[PDB]
Every structure is written in structure tokens, then in C-alpha cells.
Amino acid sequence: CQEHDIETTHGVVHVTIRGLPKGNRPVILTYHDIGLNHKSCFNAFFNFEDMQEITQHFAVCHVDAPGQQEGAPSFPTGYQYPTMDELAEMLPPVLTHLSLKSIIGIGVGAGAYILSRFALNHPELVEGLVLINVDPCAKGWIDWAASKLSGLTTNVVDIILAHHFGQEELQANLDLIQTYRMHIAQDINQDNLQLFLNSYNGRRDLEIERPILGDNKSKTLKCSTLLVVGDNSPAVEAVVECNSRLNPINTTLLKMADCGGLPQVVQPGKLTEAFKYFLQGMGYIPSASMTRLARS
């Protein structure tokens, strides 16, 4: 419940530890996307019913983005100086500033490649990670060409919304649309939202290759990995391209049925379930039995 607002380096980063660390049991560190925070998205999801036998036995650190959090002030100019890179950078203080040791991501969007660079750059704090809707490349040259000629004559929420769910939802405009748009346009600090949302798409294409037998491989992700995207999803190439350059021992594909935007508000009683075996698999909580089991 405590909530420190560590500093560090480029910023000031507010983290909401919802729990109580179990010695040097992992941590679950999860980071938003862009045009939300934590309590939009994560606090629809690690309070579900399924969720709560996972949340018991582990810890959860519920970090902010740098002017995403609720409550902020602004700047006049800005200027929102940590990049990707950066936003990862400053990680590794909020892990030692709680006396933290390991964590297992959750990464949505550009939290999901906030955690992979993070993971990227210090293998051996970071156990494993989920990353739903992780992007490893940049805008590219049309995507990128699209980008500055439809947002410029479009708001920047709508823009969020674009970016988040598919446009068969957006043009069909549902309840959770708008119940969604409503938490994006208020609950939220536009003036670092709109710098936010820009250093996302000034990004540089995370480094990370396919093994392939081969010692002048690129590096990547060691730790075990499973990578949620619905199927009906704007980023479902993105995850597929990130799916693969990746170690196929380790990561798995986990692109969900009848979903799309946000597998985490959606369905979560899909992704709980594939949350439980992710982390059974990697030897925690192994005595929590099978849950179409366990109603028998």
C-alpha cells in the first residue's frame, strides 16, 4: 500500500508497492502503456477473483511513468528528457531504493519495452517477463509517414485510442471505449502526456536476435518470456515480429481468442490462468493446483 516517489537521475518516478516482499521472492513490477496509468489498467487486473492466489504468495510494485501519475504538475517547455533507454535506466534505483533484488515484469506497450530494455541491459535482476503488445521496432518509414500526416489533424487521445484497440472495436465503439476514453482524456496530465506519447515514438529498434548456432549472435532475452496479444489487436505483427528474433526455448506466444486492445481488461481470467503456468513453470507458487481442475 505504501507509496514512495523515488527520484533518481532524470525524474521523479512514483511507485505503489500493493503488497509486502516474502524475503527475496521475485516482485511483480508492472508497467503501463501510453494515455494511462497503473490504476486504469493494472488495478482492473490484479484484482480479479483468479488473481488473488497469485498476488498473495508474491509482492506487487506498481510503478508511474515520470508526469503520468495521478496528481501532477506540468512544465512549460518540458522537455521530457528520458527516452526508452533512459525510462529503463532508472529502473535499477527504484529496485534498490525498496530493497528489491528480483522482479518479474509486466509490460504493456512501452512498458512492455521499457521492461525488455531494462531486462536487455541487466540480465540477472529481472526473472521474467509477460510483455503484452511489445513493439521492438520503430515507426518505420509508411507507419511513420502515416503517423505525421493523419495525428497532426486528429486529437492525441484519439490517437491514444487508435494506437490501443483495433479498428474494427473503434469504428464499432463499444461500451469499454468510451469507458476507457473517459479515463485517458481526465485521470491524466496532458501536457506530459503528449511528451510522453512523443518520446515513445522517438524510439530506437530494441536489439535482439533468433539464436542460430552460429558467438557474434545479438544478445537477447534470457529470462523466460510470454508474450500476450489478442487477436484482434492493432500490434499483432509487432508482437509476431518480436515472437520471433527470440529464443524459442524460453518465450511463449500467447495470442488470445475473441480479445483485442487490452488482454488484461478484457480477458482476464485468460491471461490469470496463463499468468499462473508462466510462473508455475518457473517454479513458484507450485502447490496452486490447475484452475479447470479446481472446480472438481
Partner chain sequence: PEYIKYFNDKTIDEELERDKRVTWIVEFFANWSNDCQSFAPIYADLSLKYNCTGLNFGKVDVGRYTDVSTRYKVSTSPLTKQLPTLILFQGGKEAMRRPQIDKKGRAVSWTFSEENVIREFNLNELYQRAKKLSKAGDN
Given for the second form:
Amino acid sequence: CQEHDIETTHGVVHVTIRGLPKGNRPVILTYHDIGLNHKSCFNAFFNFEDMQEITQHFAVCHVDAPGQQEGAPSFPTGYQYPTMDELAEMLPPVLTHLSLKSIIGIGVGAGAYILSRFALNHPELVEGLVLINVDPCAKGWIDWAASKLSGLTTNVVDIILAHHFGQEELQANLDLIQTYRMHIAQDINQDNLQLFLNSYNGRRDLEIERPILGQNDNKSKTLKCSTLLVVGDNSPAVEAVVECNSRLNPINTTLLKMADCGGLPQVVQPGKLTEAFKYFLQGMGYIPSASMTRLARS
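Please supply the coordinates for the form solved in complex with its partner chain, as a counterpart to the form deposited without its partner chain shown previously.
Single chain only below; no partners, no other molecules.
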């Protein structure tokens, strides 16, 4: 793992690229959610045994939001944190500094929004998008008021935990919640974490609509890349991803409503996510020699 700090006219993004070799082949670029790093989001997923058949052929680049990394100094009092739309403008210079020509993105929550906005701005640098728990819409007005109310009443850790995990798994899964509680409260800088949460709350809107056949040939506005939408059956973000399922071209967009799954599908159901990711990648001409799962098992 080579770690880079890139000056990016909006701050500095810390990226950790594993499997350095590259070429005319895309790399895998990951963006995390609020309360997490690349370690808290994708480090038990890319260490999963089934995932090791996909990481020998691809380079994985892990992107950290500015300041939401490990050992990050606190930002100055009232520092102007970049917006969700200025966070997606930090990615093209990341690609040019690492000499990348194309990426396949995996984003969770806020990372899905940032990667989708990046793929909307620069469609030539993205081949595919795995969007987990993606919210393409703004918070609104009732939700905005509830957020302004829960901000003072509730701690930031509990706010983020309720954002990630559903009601049932916030009680049933003892070790998941007790793991990610320490992840949120002890591995992230708590000033920069609230800064990121504030910037994600006022996230504007992803200008995407579903292309209508025929009449809608005027301009269109959507992602022109193979999208894999991933959400758990018992996650709080089901409706957000289903709203994102519409406003997207059904020709190249897939929705996976994973069963027996909760808030973070890449950590609780990584076997069922690796298989979907493998078929998603094989649909675009990659790893064609990888045997079908549940066939090589027998």
C-alpha cells in the first residue's frame, strides 16, 4: 500500500493505492461514507476470501475525504469544508497524479454521491459504478428540520449509527454496532467528522432523470456507465436507492436488494456482494476466466 497526499486546490486528498501496477486497464476507486474511512468501510471486504480472485487483476485505490482519515489534524476553527460537488472535483487530479486513465467506482452513502457526481461531470473516466446506499436527492424540509433538532439533542456518533444501521440491527447485532461505535468515535477526528456530516447534509440534488424512449431525445441527463445499485433488505436507505433506481437508464443500471442484509452490505454480506461484483465486472469484459460461483463450489 502506497499512500499519497495530493494538493488539490480544495484541500488535500489522502489516497492509498494497493496493487500498484496499472496500464490501459481501469483501477478500482473506493469512496467511504460519513463516520468511516476506507478502513472502516472497505477493509474486511477486500480482505474477504472470495474477493481475492478479483484483486489480483485490478488495482484498488482507496480515497479518504479531506480530514476523515487516520491521524488527521483538526481543521482550523470554521474552515470552509468543500461541498459534495467540490469533493467530486478532487477526483480528476487524483487520477492524473496517480496516472490513472479510467476507474471502476465503489461508493457507500456519501461516497456513492461523490462518485456519481464525478461520473456525471467526467463520464470518460468511469466505466462502472457500484453505488451502495446512495441518496441522489436533497434532504428536504421536514428531514432538514428533524436533522436540526437531532443535532443538538443527539450525539454525532448516534446520528451516524442511525444513518448507517436499521432499527432492528441496532439492537440485534451486538458486535457490529459495538464495533462501528468505536470505529466512529475513536478512529475519526470528531471536528472533521462533523464538518463532513454538515457538508453531506446540504448535498444539493443529483440532476438525473430516466431517459424516455423517443420523445426524451432532446438532451437527457443520466450516468452513461454500468451502474450496480446495492442496498440491503433491512436498511434505512432502501427508499433512497429505489428513488435512484428510477432516474437512471434501465439498460445499463442494476438494482440489488440484498436479502438478509442490513445497513452495510459489504461487511455483513461480503460473499453475496463479491459474487454480484464479479458478475458485474464480467459483464463489461473483465475476468472472463473466473469460474461461476456456486458452480466451482460443487
